[PDB]
Structure formats: C-alpha cells, structure tokens
Amino acid sequence: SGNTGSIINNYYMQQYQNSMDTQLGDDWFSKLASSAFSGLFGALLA
Amino acid sequence: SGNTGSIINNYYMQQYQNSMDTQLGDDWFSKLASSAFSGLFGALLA
Amino acid sequence: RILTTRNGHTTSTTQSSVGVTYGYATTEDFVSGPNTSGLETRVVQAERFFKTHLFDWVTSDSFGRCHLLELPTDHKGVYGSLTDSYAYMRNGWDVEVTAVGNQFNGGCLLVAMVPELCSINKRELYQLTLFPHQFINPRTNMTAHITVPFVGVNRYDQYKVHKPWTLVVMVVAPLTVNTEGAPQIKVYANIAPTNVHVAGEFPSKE
Amino acid sequence: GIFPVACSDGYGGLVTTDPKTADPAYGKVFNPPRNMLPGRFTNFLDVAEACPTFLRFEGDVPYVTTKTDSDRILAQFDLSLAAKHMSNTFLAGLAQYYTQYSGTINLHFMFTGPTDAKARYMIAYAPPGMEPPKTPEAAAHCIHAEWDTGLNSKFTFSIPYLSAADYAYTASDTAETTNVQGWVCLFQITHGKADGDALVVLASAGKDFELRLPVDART
Amino acid sequence: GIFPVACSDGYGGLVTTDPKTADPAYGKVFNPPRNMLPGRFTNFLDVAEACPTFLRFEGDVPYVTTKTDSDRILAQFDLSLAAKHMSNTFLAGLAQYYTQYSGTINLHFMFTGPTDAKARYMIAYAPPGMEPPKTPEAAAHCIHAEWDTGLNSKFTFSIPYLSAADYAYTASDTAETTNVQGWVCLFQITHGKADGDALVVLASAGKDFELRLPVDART
Amino acid sequence: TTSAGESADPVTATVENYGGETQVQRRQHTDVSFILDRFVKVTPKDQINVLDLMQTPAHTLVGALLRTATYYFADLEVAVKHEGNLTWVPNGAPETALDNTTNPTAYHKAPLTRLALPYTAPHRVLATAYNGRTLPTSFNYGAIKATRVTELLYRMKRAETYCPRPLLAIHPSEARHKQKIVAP
Amino acid sequence: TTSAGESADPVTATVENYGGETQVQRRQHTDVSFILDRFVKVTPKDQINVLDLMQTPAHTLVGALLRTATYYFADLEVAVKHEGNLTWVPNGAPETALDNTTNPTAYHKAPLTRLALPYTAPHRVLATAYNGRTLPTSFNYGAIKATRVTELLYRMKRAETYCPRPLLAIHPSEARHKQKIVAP
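Protein chains in written order, with the entry's author numbering: chain 4, 15 to 39, 65 to 85; chain 4', 15 to 39, 65 to 85; chain 2, 13 to 218; chain 3, 1 to 219; chain 3', 1 to 219; chain 1, 1 to 132, 157 to 208; chain 1', 1 to 132, 157 to 208. A prime marks a further copy of an entry chain.
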C-alpha cells in the first residue's frame, strides 16, 4: 500500500508478514480540506 | 498447522516431509473446559 | 449571531458568536472496549460547566505570550470527586473562552486545544493553527468555542498521571486601547466535561 | 538461456522461529497407530481453565485460617502473575512464557471446617491509584462479593481485567514499586466457632483469559 | 535434475528505498482495536490545505502594521518556499523534503484593528525578469487584487504558478542571486486612522499545489 | 475571497477568482504510508538496542515527518549489521530474554540481516509526545541484541498518523535559505 | 457462584455475576502445535549425539512446556553446526552405523545443516516420565555423528500432547518476582 511494488503475491501468509488488526463494535483531514469554502462571499461584477 | 506460514505447496511429497500416521479400528481438555458450570447455584435477587 | 450552549443544568449565551470549532471528530469513539470488561458507566451529573480565570491580556503582552491550562484541572464539583472515586476515566471537552473588552480595542488572540502538550517552542507557535482552534478578534467577537473528543493511546485514562488535553491561549497581535477601548481584557474559560465514563471504583479512606 | 534471479542481501539466514520447513532425507515411514489415546490437550489454556491449582500463603500452605482478633484481613496481595501467592499455580507457570495478557482470572474458595463451624467472607478487588483497603467497611466501595458457609463448600469469584491499556504485562519490572494492576483483598466479616479452620483457595483462567507474545526469559 | 538459474551480478544489494518486504519471523499477533480514532490524516497536503500557518516578518512577528508615510510597501519577499518569510510555515516544513513543486499557494490576510480603523490593501504578484514594483501604481500592471476592511476580517488570494518549466525547485541554489520565481508584493493603498494596527498573514496550499520527488537533505 | 477570519473553517481561494485555471495535481509523494515507508539510519548501542522510533534523528525525513503525528501505528522492518547471532524480543520481555535463542534469533549471514517485525505494544496506538520530553517505557517495538551491532536501520510499514503537529524548516539568517544544488 | 468443591467438575464464574461483560479471546499463542514449533538449543557432545528431546533444558520455553505432557508425539527438525559430514541413523540402529555414509549423510555446507527427520520409535507415542528419572533407551529419534558438532538445535513438528503435568514458575523470595523489563 505504501512504497511496495511487487506484482506477485507474498510467499508468506498475511498472518505472518504483518500484525493483524481487530475491530471494535485521509479520514478527518481529507474531509476538512474537501469542505473548504472556494468562492466569493459577495456580489460579482463582470 | 503449527508455526508454518508458506502459501505455496511444499516442493516435496508429504510422504517424505513427514512420517505418515496410520489408523486402528483439544479433544479431552477442550471438552472438559467447555463443560464448566458458569452460572449461580441459587436464587437471584435483582 | 446568538448562540446558546447547554450542558446539564447550565447554559451559556453569546451574542457575538463565530460558531463552534469541532476538533478531530464530530462523535466519540467506542466507549466500551475490552480494557474495562463491561464495568464502565456514564456519569451525566458531571457534564456541566465549571469556570476559571486564565490571565489578563494587557498592552505590554507581545506576540507569543501564551497561557496553558492542562485538562482535567482542579475541580471541586462532582467531576472532581469522580477522580477520587474511580481509577479510570474518559471524557471530551466543550470549551468556551471569553475575552471581553469592546469593539474599540484592537489586537488578536488565538485559542487552541492541543493534545499531549509537553511545552511548546517559539517557532512552533507559528503553526498552532494545526490544532483545533478559533480566534478572538475584538472588532468581531468576544467568545471562542471549541469542542473536542477524548484522545489517547489508551481507551481510558488515569488523570492523576496523565493529561491528554491542554487549552492554550496565545497573543498573536498585541492589544491596543486607542482612547476608547477597554484598558485591559480579562480572559476567562467556561468548560464542561463531555461523555464522562468511569470504571474501577476505589475504596473509601475509612 | 535460463531464468535470471537476484540473490538478495539480508535474506536467507537461519531464524530460530521461521515459518518454513527443512528439506527431508528419509522417506516413507509409517507410524504405529495412536488414534484416540486418552487425555489429549491441544491448547494450554483449556487445562488452565479446567484445572484450578493452589495459591500459596505465608508458611507455604494453600489455605488461610480464620482468626479471632480486630484484624479481619485474611490475605492481601498484588494482582500479578508474578506474585509470590501465585508462584505455585499452573497459571503462573504458563504466564512466564508470554509477555502480555488480558481477561479474567478466577479465584476459588473452599471451606474446610467442621459442620458446626460457620463463617462469612468477603473478596474485593482494589484498583491501582490508591492504597488497598484495610477494613471490610472501606473495601465495600470496591467491586466485591460476600458469601457464607453451608451445604456447598465452594465459592468462585471472577477478578476483572481493568486497565488503561488493552493488555497488561505478565512480568513485574524492578522499577515497579507499587503494583500496576491493583490488589485482591480477602476479608473475614465474622465467624461462628471457626477458630483455626482452613479456607483453601485456588486459581484458574476465566473464559476470556488470554496470553500472547511468547518469550523465553529463563525461569 | 533441478531448475537451473542465473544469479545475476548487479542485483540483490540492499537498497534503502526498495519496493519489497522482509521475511517474517514472529507470526499470528493480533492488535488492540483502533478503528475510528479521531484526527487521522492520510496525506500531508490535506493538512497543508486545511490548516494555514503564519508568515514571519521583520522582528519575528506574524503581522505587518499599517504605516503613515509616503512608502506604501507593507512587505515584499521572494516567492520561494525557502524564503525567511515562509520559514515558520507548515508548508515550508513539508517542502524541504521534496525537490520540486507546482501549483497554487494561498495567502490569507486578517485585519486586527478596532472597528473605527479602516484600510485598503493591495496584493500583487510580480514575475521574474524585471525588478519588483516599488509603488502600487507600478504594481497595478501585474496580476493583483485590492480589498478593504469591514465586517469580514479576512481576505484570501491565490499566488499563481507561472514558469517556463512545469515544475519549480523548492530549494534555492547558492548561485541564485535574483529570485527565480518572482516576488509577492503587499501594499497599503491608504488607511483611515489605522496607525499601528496589525494585519496578520498566513499561507496554505491551494487546490492544485503539488510536491514531488522526496529528498532527505538534513535541515 | 473574503470571509470571517476568526472562524477557523478552511478557506481555499483559486486562481479562477481572477480568470486563471486550477490544474490537476498528483499527490502520491505526500501520502503518509508511502513517504514513511523507507529505511532511516539510527546510531546504535554496542549490544542491547531497544527498538524505538523516537531514536530517529529529528531532522531526517522519517524523523521529522513521524514527529508531525502525535499518535501513530505501524508494523516494522529492521536491517542490522552485526557480529554473532541477532536476537529479537517482544514488547514487555525481561531483558534477560535477549540471551535465549528460542526467541527469534537470526544466525549471522553477510552482509546484514533484514527482518519484518509486528507491532507488539499493549496500547492501541503509540505516541511521539505524552503529557505524563520522556515517553512511557511501554512505547517500543521490543529489543534486539548481538555480540556487536554496527548499523541499525528502521522502516515503518502500513503507517497511520493522527493529529498533526508542527513541522519546521531551517530558519535562514538571510532573505532565503540557499544551498548548493546538484548541477553538472 | 457457589458449588460443591469436593467434586472436581470444573466451575468457571464470569464477570457477568456482578454486571460485567466477558470479552473475546484469541488463544493462538497457547496452541500446543504452535508454541512447540520453534528451535531450542541443546549443549552437544563432540561426536555421537543421540537425538533425545529430554536433553532440552527444563527451564527453557520448549523444555518446560514439553515436560508438562506425560505422553507426546512429534516429527523433528534439527539444525546442526559441524565439521566434516553429518550422518543420521534411525531409532534401533547399531552405533557402528554412524560411520557408514549410506545412512542419511549430509555433506558439509557452511554455515550449518538443517534436516527434517521422521518420528522413528517403535512405540505409538513417547513419554517424558516413565515409572519403570530414567527413561527407556528406545525413547529417541535416532542419532547423529560428525567429526565435531558445535551446535545442535531441536524443533518439534506436528506436536501432540497428552495428560498435563505440573508447570512451575520461579518462586520469589519477595512479594513479587521482579525483573528488568526492556525499556528505552
């Protein structure tokens, strides 16, 4: 996902190559940047 | 089955990699633990 | 621009609001995890405003002059007693900072909520806006309002040994009085703990 | 031509715990049948759950005796798999080979006095951050259970996992003066002619007890 | 027989930035859950866009003050991520780890004077190839914007990316006497009783600001 | 674009305001996972080395960028030059374990050893700052030991970052920070 | 939870008894096959080495855990550092066979030899204790020989364990057994 560029599947199982994430029950900054006001606050002439 | 993590089939036959089991004609402790009493022996108030 | 905020049986109304800044999230993360084994409970009675004076903004204060308030702070109400009755806690903060002078004062304050603040250096103040914040500019407003959730490497904390949040107020442009403005501006904070959960009841002192 | 390959530096050394198998040399051996031998166990925690083992108290005994004096503390020890009180249990024997754990630890109490001896006990869990309670009245405010003697001689209580982090350490650091995970406090509320009678206590793993991160530290 | 292979010269050495992964040694570890923790960021430019930071002016302050004199220049600096004026911004902090960039840089101006202080400002972009303008009249012929104070205290202006090549360097070469990318010129057209009042300025990345070619040069 | 500056709601003006045109941008190089996913050198101790990302020098690309996150998560890779066998031990292990070979031990193989290690801390996430200067001892990725370690490099895998913090460039004494740029 | 303590039927109380909630548990690390499936060092003899799992030191992870089983089964792997060629011989072989090369013999190849060997005993299963201290001589995995063996490591494969036995931790002199834990 980061700086990896092999087209073949890793020889070892995922369970060994990395730690495994568990669940309970750019996210925030991406939403913040996307919500930015990008116009003019007033009336526009020509 | 234990601490093995290769996704590819072993190059050698099973008959060579390991000894072969034969049949005749966590088992016990798993059953014992699963059968454990886990409640209250009496009457419960609120 | 009237805003009324309610936390429990306490309300605060402002007629010079610039809105409220929500930091890092709109809602809290899971409150019931494996570290409390289902023994945690919510204490609604503590979710109310408590007050404290921060500092007096004077004309001699120059850029960078700041005031820090680690949270949680000394609390003599129910929230405070919770820290003596339970080993583990978590809560967010609803923060309102006030700096009342008049519209003839000039200058500007930046108020921010910063996580894990173990002192900040001079050059870093130039980037204090990376944290949840809002400005107090006399020509426009007298109130800053910020709301943040609980954060930390642990789902629950031990406030006696760790303070996840630090409220910081910094002077960005020095205060000006110009004949008709207020001679100085006292800065106050009105804070309310949010979604407080506790776990692990302590014994008494008897 | 033939397949070109890059023998990579930093790979290939023997790792004592690697996930691959050695090449074989002696094939086709068939083993004597061994299906359905009794007493098999496949996970160490199943036996830790099913077989509670004895705690150790002052004097090298698995019990505490009822006393007659204003002091009602029967036992008070650090909730730690490295505690002297737990040092002879199977649970502690297993825990030494892992660095972390979470979950419930069950304590079992069995009254051994004669039929005309009665008593009432209290077990409490005091969390870290404040000194443990010295009296039953002070301990009442902690998570606790009280029970008396009768037809059923045994009582079992679950010590809860309560901590800031999701896992706790099995070992105790030398720079750790006050126990990190709290104390278990066993009190005697009162008794009726039970002087000198023994209450034996055992410990077993609870349903969600978990050990992780194997480690060989000697011991 | 077995598969013949050619161990190739020139391949296989460790490269500090290679696209492959190491062999594992310690398997099956499950992490504590961490889904939906607040404040996550996945790209450094999202925060550079969303969080403008302060510029630095003579005297170590983030503002420029209105003046009363024939000189109407409030500030004039090299459009360079290596400029002293930008040295305390998040944008410059990020830019030092890349060799090239393109796209828009936004400047924000916030008036801080009292309600009875008024002013009119002008921001202009002077391209390379001619000395930057010293007066508002001369700068009028450049791309520019003028605005005054009022109910809204803030004004934002996009400094355009204009160059012969598609990318510009983030660093400034020592043999580079005249700025390669031009100058930003902040003027004061006039003011009404705003003597000594501060205009604070911040900078943030624009919608098409882009950094490429990571580099570790110390700093 | 005028707006209420006291607000903090992000405002992003564009060149369209004066007739320009916003272009396309490709930001793969500023992606968090991508940029942190590379080796960084650390000065090692002769034998026992606790794996701790805060050992990265603060001015390096990896060190600086890691410090702009207050909380982070990542699996790890290490490349080590060492004499004798290299033994790794997980977070929470007694120091004494560093001498026992059943713990992941790599037998010497020139010129160095590269290993993939899992996150092993008891916390859901780690931090680069902790208000409790000094970080809790549980903030580590275990420890390694060999007869002598000569080089140690860290590489963050699957990195996640939360709550940005200040990132400072060099402060110039002149109007611009000038450096000799590579040229023929 | 009250019950008849004399019975021996397992009793497992839960935190639900006082309003708590039992969590999820993952026990892969205490799985028998998994935990024993790793190399453990043994001190070798100069030339003839009978392969015997009881040579594992009793305090080691593998040694201790193996001894908690009275009966066990497993295939084997060995890693050996040796001079000259290494010859292995099966269970029941005359010692003299150790010098004949037609028996599995590995020619020297730096830095060591790793071999997978099958269970070879005449019994359906082996034991760590035998009431007949001393174990029957037929309890072995054959023997190896080389001009000089410098290192010998055992690794149990497909392990099976029957009838648990005592597993003892260290007995502390103080209230707790304290150890220096790895820390930055």
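No lab work stands behind these hints: they were computed from the structure. Do not rely on the hints blindly, as some may be mistaken.
Stated by the list, open to error - Only pairs whose alpha carbons sit at most 20 Å apart, straight line, appear in this in silico SDA-like list of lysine to any residue:
#  : chain 1 : residue 1 : chain 2 : residue 2
1  : 2       : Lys134    : 1       : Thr96
2  : 4       : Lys70     : 3'      : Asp208
3  : 3       : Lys20     : 1'      : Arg182
4  : 3       : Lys20     : 3'      : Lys28
5  : 2       : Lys63     : 2       : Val43
6  : 3       : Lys134    : 1'      : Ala199
7  : 2       : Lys63     : 2       : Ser216
8  : 3       : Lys207    : 1'      : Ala110
9  : 3       : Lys207    : 4'      : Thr36
10 : 1'      : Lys81     : 3       : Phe57
11 : 3'      : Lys207    : 4       : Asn23
12 : 1'      : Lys41     : 1'      : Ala110
13 : 1'      : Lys202    : 3       : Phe57
14 : 3'      : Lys207    : 1       : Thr2
15 : 1'      : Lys204    : 3       : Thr178
16 : 1       : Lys202    : 3'      : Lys207
17 : 1'      : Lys41     : 1       : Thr96
18 : 3       : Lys154    : 1'      : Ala4
19 : 1       : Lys109    : 3'      : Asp208
20 : 1       : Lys202    : 1       : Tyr18
21 : 1       : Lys109    : 3       : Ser70
22 : 1       : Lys204    : 3'      : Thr177
As the list claims (entries may be wrong) - The calculated label-pair distances, taken between Cβ atoms and stated as ranges, are:
#  : chain 1 : residue 1 : chain 2 : residue 2 : range
23 : 4       : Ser73     : 3'      : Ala164    : 43 to 51 Å
24 : 4'      : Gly78     : 2       : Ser131    : 41 to 49 Å
25 : 3'      : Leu213    : 2       : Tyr200    : 33 to 41 Å
26 : 3'      : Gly12     : 1'      : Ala110    : 17 to 25 Å
27 : 3       : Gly27     : 1       : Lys109    : 41 to 49 Å
28 : 4       : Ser73     : 3'      : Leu213    : 20 to 28 Å
29 : 1       : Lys45     : 4       : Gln29     : 48 to 56 Å
30 : 1       : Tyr18     : 2       : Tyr200    : 17 to 25 Å
31 : 1       : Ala110    : 4'      : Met34     : 49 to 57 Å
32 : 1       : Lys109    : 4'      : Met34     : 48 to 56 Å
33 : 1       : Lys109    : 4       : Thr18     : 36 to 44 Å
All C-beta atoms, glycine included, are put in the ideal place defined by N, C-alpha and C.
For each hint, the structure was consulted:
1. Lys134 (chain 2) with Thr96 (chain 1): Roughly 43 Å between the alpha carbons, so the hint for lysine 134 (chain 2) and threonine 96 (chain 1) is violated.
2. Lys70 (chain 4) with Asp208 (chain 3'): OK: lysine 70 (chain 4) and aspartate 208 (chain 3') at ~16 Å, within 20 Å.
3. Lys20 (chain 3) with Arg182 (chain 1'): holds, 13 Å
4. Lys20 (chain 3) with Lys28 (chain 3'): holds, 15 Å
5. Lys63 (chain 2) with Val43 (chain 2): The given pair, whose Cα atoms are some 27 Å apart, is violated under the 20 Å limit.
6. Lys134 (chain 3) with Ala199 (chain 1'): This hinted pair holds, its Cα atoms lying about 18 Å apart.
7. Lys63 (chain 2) with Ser216 (chain 2): With a Cα-Cα distance of about 28 Å, the restraint between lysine 63 (chain 2) and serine 216 (chain 2) is violated, given a limit of 20 Å.
8. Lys207 (chain 3) with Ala110 (chain 1'): Roughly 49 Å between the alpha carbons, so the hint for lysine 207 (chain 3) and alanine 110 (chain 1') is violated.
9. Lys207 (chain 3) with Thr36 (chain 4'): Violated - the C-alpha atoms of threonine 36 (chain 4') and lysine 207 (chain 3) are around 35 Å apart, more than 20 Å.
10. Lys81 (chain 1') with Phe57 (chain 3): Answer violated: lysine 81 (chain 1') to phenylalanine 57 (chain 3) is near 48 Å, above 20 Å.
11. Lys207 (chain 3') with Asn23 (chain 4): violated, 36 Å
12. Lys41 (chain 1') with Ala110 (chain 1'): holds, 19 Å
13. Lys202 (chain 1') with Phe57 (chain 3): holds, 19 Å
14. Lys207 (chain 3') with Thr2 (chain 1): Status holds; Cα separation ~17 Å.
15. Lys204 (chain 1') with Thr178 (chain 3): holds, 15 Å
16. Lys202 (chain 1) with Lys207 (chain 3'): Roughly 28 Å separates the two Cα atoms, so the pair is violated.
17. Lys41 (chain 1') with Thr96 (chain 1): holds, 16 Å
18. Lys154 (chain 3) with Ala4 (chain 1'): holds, 6 Å
19. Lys109 (chain 1) with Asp208 (chain 3'): The given pair, whose Cα atoms are some 48 Å apart, is violated under the 20 Å limit.
20. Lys202 (chain 1) with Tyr18 (chain 1): violated, 33 Å
21. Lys109 (chain 1) with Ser70 (chain 3): violated, 68 Å
22. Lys204 (chain 1) with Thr177 (chain 3'): holds, 13 Å
23. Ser73 (chain 4) with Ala164 (chain 3'): 43 to 51 Å: Roughly 32 Å apart at Cβ, these two residues miss the hinted range, so it is violated.
24. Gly78 (chain 4') with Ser131 (chain 2): 41 to 49 Å: With a Cβ separation near 54 Å, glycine 78 (chain 4') and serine 131 (chain 2) fall outside 41 to 49 Å, so the hint is violated.
25. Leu213 (chain 3') with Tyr200 (chain 2): 33 to 41 Å: violated, 50 Å
26. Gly12 (chain 3') with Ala110 (chain 1'): 17 to 25 Å: holds, 19 Å
27. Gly27 (chain 3) with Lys109 (chain 1): 41 to 49 Å: violated, 29 Å
28. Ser73 (chain 4) with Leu213 (chain 3'): 20 to 28 Å: For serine 73 (chain 4) and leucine 213 (chain 3') the Cβ distance comes to about 26 Å; the hint holds.
29. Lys45 (chain 1) with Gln29 (chain 4): 48 to 56 Å: violated, 32 Å
30. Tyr18 (chain 1) with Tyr200 (chain 2): 17 to 25 Å: Since the Cβ atoms of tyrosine 18 (chain 1) and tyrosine 200 (chain 2) sit about 43 Å apart, the hinted range of 17 to 25 Å is violated.
31. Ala110 (chain 1) with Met34 (chain 4'): 49 to 57 Å: violated, 40 Å
32. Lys109 (chain 1) with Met34 (chain 4'): 48 to 56 Å: violated, 34 Å
33. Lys109 (chain 1) with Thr18 (chain 4): 36 to 44 Å: Between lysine 109 (chain 1) and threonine 18 (chain 4), where Cβ atoms are some 24 Å apart, the hint is violated.
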